[PDB]
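*Asks:* One letter stands for each residue in the lines below.
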Amino acid sequence: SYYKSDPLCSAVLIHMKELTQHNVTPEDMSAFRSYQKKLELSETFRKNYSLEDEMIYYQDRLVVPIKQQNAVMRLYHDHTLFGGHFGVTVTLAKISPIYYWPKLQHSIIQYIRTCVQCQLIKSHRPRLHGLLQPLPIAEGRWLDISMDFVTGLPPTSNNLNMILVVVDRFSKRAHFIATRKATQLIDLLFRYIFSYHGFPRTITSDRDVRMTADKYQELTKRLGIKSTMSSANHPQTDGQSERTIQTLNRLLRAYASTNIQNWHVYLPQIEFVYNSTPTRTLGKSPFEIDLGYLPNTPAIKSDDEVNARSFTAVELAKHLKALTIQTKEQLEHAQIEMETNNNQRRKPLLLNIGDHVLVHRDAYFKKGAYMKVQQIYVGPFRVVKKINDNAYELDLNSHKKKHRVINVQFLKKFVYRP
Amino acid sequence: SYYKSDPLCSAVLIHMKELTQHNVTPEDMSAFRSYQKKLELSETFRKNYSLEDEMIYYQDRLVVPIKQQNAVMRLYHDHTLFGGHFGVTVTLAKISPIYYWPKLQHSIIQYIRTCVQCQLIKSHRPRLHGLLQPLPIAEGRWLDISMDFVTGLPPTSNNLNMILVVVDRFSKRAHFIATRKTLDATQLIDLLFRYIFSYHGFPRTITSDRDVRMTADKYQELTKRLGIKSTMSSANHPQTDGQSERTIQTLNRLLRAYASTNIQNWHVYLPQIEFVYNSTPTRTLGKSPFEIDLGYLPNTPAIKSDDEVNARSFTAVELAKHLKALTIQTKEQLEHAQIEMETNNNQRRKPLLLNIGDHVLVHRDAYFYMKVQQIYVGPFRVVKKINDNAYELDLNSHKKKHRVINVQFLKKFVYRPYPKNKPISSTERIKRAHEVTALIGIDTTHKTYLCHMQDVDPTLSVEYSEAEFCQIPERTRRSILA
DNA sequence: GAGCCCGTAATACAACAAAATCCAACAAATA
DNA sequence: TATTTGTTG
DNA sequence: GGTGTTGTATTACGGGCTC
DNA sequence: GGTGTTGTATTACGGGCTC
Numbered sequence: 017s018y019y020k021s022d023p024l025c026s027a028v029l030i031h032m033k034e035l036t037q038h039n040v041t042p043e044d045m046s047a048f049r050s051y052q053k054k055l056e057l058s059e060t061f062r063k064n065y066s067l068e069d070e071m072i073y074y075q076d077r078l079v080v081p082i083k084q085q086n087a088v089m090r091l092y093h094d095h096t097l098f099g100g101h102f103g104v105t106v107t108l109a110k111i112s113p114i115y116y117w118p119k120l121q122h123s124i125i126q127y128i129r130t131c132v133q134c135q136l137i138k139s140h141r142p143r144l145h146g147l148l149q150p151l152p153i154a155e156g157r158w159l160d161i162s163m164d165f166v167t168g169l170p171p172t173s174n175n176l177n178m179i180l181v182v183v184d185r186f187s188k189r190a191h192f193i194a195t196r197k201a202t203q204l205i206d207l208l209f210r211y212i213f214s215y216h217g218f219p220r221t222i223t224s225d226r227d228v229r230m231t232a233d234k235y236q237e238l239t240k241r242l243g244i245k246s247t248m249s250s251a252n253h254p255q256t257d258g259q260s261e262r263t264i265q266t267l268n269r270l271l272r273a274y275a276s277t278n279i280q281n282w283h284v285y286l287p288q289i290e291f292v293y294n295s296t297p298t299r300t301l302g303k304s305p306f307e308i309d310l311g312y313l314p315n316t317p318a319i320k321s322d323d324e325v326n327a328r329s330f331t332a333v334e335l336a337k338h339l340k341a342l343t344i345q346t347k348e349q350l351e352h353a354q355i356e357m358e359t360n361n362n363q364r365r366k367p368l369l370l371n372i373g374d375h376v377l378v379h380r381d382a383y384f385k386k387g388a389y390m391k392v393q394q395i396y397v398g399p400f401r402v403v404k405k406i407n408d409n410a411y412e413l414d415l416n417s418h419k420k421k422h423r424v425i426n427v428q429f430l431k432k433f434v435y436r437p
Numbered sequence: 017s018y019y020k021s022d023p024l025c026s027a028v029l030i031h032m033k034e035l036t037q038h039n040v041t042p043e044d045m046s047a048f049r050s051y052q053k054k055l056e057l058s059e060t061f062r063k064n065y066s067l068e069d070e071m072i073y074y075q076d077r078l079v080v081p082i083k084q085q086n087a088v089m090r091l092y093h094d095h096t097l098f099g100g101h102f103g104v105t106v107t108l109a110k111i112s113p114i115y116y117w118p119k120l121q122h123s124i125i126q127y128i129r130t131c132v133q134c135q136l137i138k139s140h141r142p143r144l145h146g147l148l149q150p151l152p153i154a155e156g157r158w159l160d161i162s163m164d165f166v167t168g169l170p171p172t173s174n175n176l177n178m179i180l181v182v183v184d185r186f187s188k189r190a191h192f193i194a195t196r197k198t199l200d201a202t203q204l205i206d207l208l209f210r211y212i213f214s215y216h217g218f219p220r221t222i223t224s225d226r227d228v229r230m231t232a233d234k235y236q237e238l239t240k241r242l243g244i245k246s247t248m249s250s251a252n253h254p255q256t257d258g259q260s261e262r263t264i265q266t267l268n269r270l271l272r273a274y275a276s277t278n279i280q281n282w283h284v285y286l287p288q289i290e291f292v293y294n295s296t297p298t299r300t301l302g303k304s305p306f307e308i309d310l311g312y313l314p315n316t317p318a319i320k321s322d323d324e325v326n327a328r329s330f331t332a333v334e335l336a337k338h339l340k341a342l343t344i345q346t347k348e349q350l351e352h353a354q355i356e357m358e359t360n361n362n363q364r365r366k367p368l369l370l371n372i373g374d375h376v377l378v379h380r381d382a383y384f389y390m391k392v393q394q395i396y397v398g399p400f401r402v403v404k405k406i407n408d409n410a411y412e413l414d415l416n417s418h419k420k421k422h423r424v425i426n427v428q429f430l431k432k433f434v435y436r437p440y441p442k443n444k445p446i447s448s449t450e451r452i453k454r455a456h457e458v459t460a461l462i463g464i465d466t467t468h469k470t471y472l473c474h475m476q477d478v479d480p481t482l483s484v485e486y487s488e489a490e491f492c493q494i495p496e497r498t499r500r501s502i503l504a
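Protein sequences, first through last, are from chains A and B. According to the entry's author numbering, the first sequence holds residues 17 to 197, 201 to 437 in order. According to the entry's author numbering, the second sequence holds residues 17 to 384, 389 to 437, 440 to 504 in order.
The reader is advised that the hints may include incorrect statements.
Facing chain B, according to a computed beta carbon distance under 8 Å, are these residues of chain A, among others [claimed, not checked]:
| hint | residue |
| --- | --- |
| 1 | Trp282 |
| 2 | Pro297 |
| 3 | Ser321 |
If you want a taste of the chain A side facing chain B, the calculated C-beta under 7 Å gives, among others [stated by the list, open to error]:
| hint | residue |
| --- | --- |
| 4 | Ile137 |
| 5 | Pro314 |
| 6 | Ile395 |
| 7 | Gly398 |
For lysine-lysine, the following DSS-like pairs were computed, each having C-alpha atoms within a straight-line distance of at most 30 Å [stated by the list, open to error]:
| hint | chain 1 | residue 1 | chain 2 | residue 2 |
| --- | --- | --- | --- | --- |
| 8 | A | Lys138 | A | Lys386 |
| 9 | A | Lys54 | B | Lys83 |
| 10 | B | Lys320 | A | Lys53 |
Don't read these hints as lab results, they were simulated from the structure. We treat Cβ as the ideally placed atom computed from N, Cα and C, and that holds for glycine.
Given the sequences, and given the hints that come with them, work out the whole structure.
*Replies:* Quick look at the structure:
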C-alpha cells in the first residue's frame, strides 16, 4: 500500500517535465504560475530533473505533485507513518532527505500554522507576543497611583498580616499600608493613606477581589477615579508597586532578618528609606520628584545652592514646573529605553476585529487550578472588541468566567484552513 | 556633631594639599604612594583642588582622608542617616554628589563586598555562577546514562509517577517506563524493571538527582557491587540530569499530544510515544536516536538518498566496522554539541574560584514562611573541591543529606575588617553569650547549640551548651529558627 | 593605530511576579 | 516497634 | 478607556599621557 | 570522580540573474 503509483499530467511540474517530453500540455486553472516557473527555468540553467519510468524526481529527491502535497505532509507529520507532530526542522529532516518540494520550508511552516493540534499543544515562547507599549507616563503630581500587595507574610502579633503599597506613577513615593489579609474597610485605610495627599485620577492595579470589588468600583466611578484593572495572572501592568515590593522585600529582609514577627515597626523606616534613596529611571530622590524637602539633609548635594525649599513661599510654582518638566522628559527617556531593550524580540500582534483566537490554559482556567501533563485543548474562542493595543476581549463560552480580558501573552491566534 | 571638624596632617592627601602650602611633609609608614601620586599629578594637569582655611575639597566635592573612609561609607551606606544597604549605583548617587574619592567605584564595590549583612541580604544573578561544563562526552553505547523523575501525572491505576525516564546518553535512545510512587522505594520492584531495561545492556555510569529513591544505602551499595557509579545531583540542581530532563521536555509535548483520554485509558500511549520519539531525527546529531544505536531504522522503510546502508538488516560479522564508524560520526556530533552549548551560555557566566579553607555562603537549601525572615544563612568552611563548580562544605555539624552544594547557590564571603577575639576558656563562654548575632540550630547527635556571635570569626563558631543557654534571653533566638 | 589611567555614565539582565501545605520516602532519637 | 522528624525530586 | 518596570554588577565612552 | 541540553520558528549565507 505505497504511494506514487499514479500518473498526473495536470499539475505545476508539467511545464518542468515537458522540457524533455514536449508532448502534452494539459494545464489547469491558475496554472499560469507554471508558465512563469518554466520561463524562469528557461532563462536559467538548473536542469537536474530526472525522468525515469514515471518516477520524475530531483537530483536525489522525489518531487511530489501538488495534488497530494497535504497527504504527504500529513503522512510525515501525523502518526500514519510515525511522524509525531513536530516542528518544521524535524519535518524537513523527515521529508527533505526524500523529497524536494520547491519552497518546502514555507509550505511546512504553513502546515504548522494549519495543523490544529500543533496550534493547541505547542507553546513556542508564548511570553513574547506583543510589544511593550507601556503606560502613559504621567500628569501633575499624585494623579496616577499603582496598587497591589503580597498576600501573606509570617504573621506578627495577631493584628497585622500583610503589606499593601501605594506608589504614584510619577514620583514613586513609598507607602506603608499594613493590612490584615482586607474587608470592605479597605476604603477606610486606603482613604486615610492616599487622602493624606489627595484623590488620584486612575488606579493601575490587578483584578483583585479587594479591588474588582463592585462596592469599591462604584465609589471610584462616583468620585471620578478610573481603574486600569490588569487582567488575570498578568501582574506586569501594576509595575511601580511590583518593583517597589521587589525593593521593599530586600529592605524588609534587611531590617527584619533577626527581627521577624514585629516588622510593622520597621515598615515606616522601609518606606522612608525607599523615599530618601534616589532611583535610576529618574535620577532623583522621590522627595525631590515631589516637593523637594529631604528633611534629613546629612550633606548638601552637588551644585550647591540654597537647597532650602522651606524659605521659598510663593515661588514654588516655577520650581514644581521645572521639576515636572525634567521628570517628564526623564520618564519619556525611561519609556524609550525600556522599549529599546525589551522589543528586540517582541513580535507584535495586531488583529482588533473578527478572529478566532485561543487562550492556552492560563487566565482561562483558575490560577489555583493545577497545571500538569493534562492535555491543552482549549477550544477556538472568538474576539469581538479591541479593548487595548496589547489585549483583546473574548466571548468566554462558560457561565461568566468573571472576566473576559486577556493580555496578548496568552492568545496564540488560531488560524483555520479550508 | 558632624564629621570633618578635626585635623589630619598625615594621610594620602597631604602631598595633594601641600601643592599650594608646602609646609610640612609628615608621611607615615607605607605612605610613599602619596609622593608617587604627587609626581603623577605634577607630570599631568588635573590640579583643581580648592584650598581655603582647612576646608580642603574638590571643585564641588569634599575630599576625605583615608583614616575616616570607613566612617563615610558606613554613614552613607548604613542606616545612621537613612542609607538602606543598596547597590553600588545608589551608593554612588549618595556619595559622588558630595565627595571625590580617587577610585570611588572600586572603593564602593569593595565596601559592598566587605559588608557584614550586605552580602547575605541581597542577590545578583546567582544562576550564572560557574561556567557551563558539559559532562564527559560519550562511551561505548550508553556506558554513561542519566535518569530522573517528574510527578504530577493524573492517576489511571494509582500510577501517579509513571515517569522513570532512562536516556541512553550516547545514542539518546531515551527509554521511559510506566510506574508509580507506591510500587517500590528502590527495594523490591524498582530494581526489577530497572534490570528489564538493563537487560538490553548494563551501563557503567549513572547521573541522577538527590531523590530519596536513589540516595538510599540499598541503591548505592548495589550499584557499587555492579561497578556502576552514582554521581548524584547537588541539592536541587537538576541541570546535572539535563539530557533526561530535556527528554522529559520533549516527552511532555508528545504526552499532551497523545493524552486526549487523560483519565480513562492511556497507559498504552507511553510505548507509542517511545516508538515515535526514538524514530524521529534529532537536531544535535542529524540522525534519529533509533538508528544511531541499532543501525537500521524501524519497519516500513523510507530509506533516504544517502545509500542502502540504513537497511543494514543482513549478515552481522561486518556490523562492528560501520557501527564504529557511526560511533565516530555521533562522537563528532557530540563535540559539536558541547561546543555549541558552551558558546551561547558562557557569554555572560563568570566562573567562581575558591580554595579549600575560605568561607562561602549557601543562600538556599539550608532550611526548608520564608519571605521576610533571613532565608540566607551564614558562612561555612569548604572541605572538598570536587569540581571548579562543586564545593563540599560544612553547612551543619554532621547531620544529614550530602553536604555538597553547586556554585549556583554558593557565593563568596569576605571578612575584611573593632572586631572582638576568639573565646577559648571555659568561663568566656558564659559571660560572652549576650553578644550573639544569628543561629544555625541544634546538633542532632548530642546537646550542643551552634550559633553566630558578634564581631568574631563567623564560620569558626563557639559551642554553647545548656549551662550557658538559659541565662541569656532566648526569646529572640528561636524566632529566626521558626 | 595602541595602550593606559580615571571618571563618569550608560546597559542588558534578572527580580516583583500569591503563600505555604505536604507526597513518598530515605535515615537518626528516644523510650 | 510505632511514632516522630531532619532533608529532597 | 486597561495592560511592565526599576536595582544591580558589569561594561562602554570621553579628558589627559605616552606616543 | 559529580554537574546542562535539544525543539523550534526565525533568520543568515552561497548558486544563478539582472546588472
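*Asks:* Does each hint hold? Answer for all of them.
*Replies:* For each hint, the structure was consulted:
1. Annotation: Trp282/A was flagged as interfacial toward chain B, and the flag holds, the nearest CB pair being 6 Å apart, inside 8 Å.
2. Annotation: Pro297/A was flagged as interfacial toward chain B, and the flag holds, the nearest CB pair being 5 Å apart, inside 8 Å.
3. For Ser321/A, the interface hint holds, the least distance from its beta-carbon to any beta-carbon of chain B being 4 Å, beneath 8 Å.
4. Interface hint at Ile137/A: satisfied, since its Cβ lies 5 Å from the closest Cβ of chain B, which is below the 7 Å cut-off.
5. This hint is violated: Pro314/A has a C-beta 10 Å from the nearest C-beta of chain B, more than the 7 Å allowed.
6. Among the interface hints, the one on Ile395/A holds; its C-beta lies about 6 Å from the nearest C-beta in chain B, closer than the 7 Å criterion.
7. With 7 Å as the threshold, the beta carbon of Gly398/A stays out of range of chain B, its nearest partner Cβ sitting at about 14 Å, so the hint is violated.
8. Proximity of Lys138/A to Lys386/A is assessed by CA-CA distance (about 20 Å); at most 30 Å being required, the pair is judged to hold.
9. Using a Cα cut-off of 30 Å, the hinted pair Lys54/A and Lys83/B is violated, with the two alpha carbons roughly 87 Å apart.
10. For the given pair, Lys320/B sits about 27 Å from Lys53/A by alpha-carbon distance, which is consistent with the 30 Å threshold.
The structure shown violates the earlier hints numbered 5, 7, 9.
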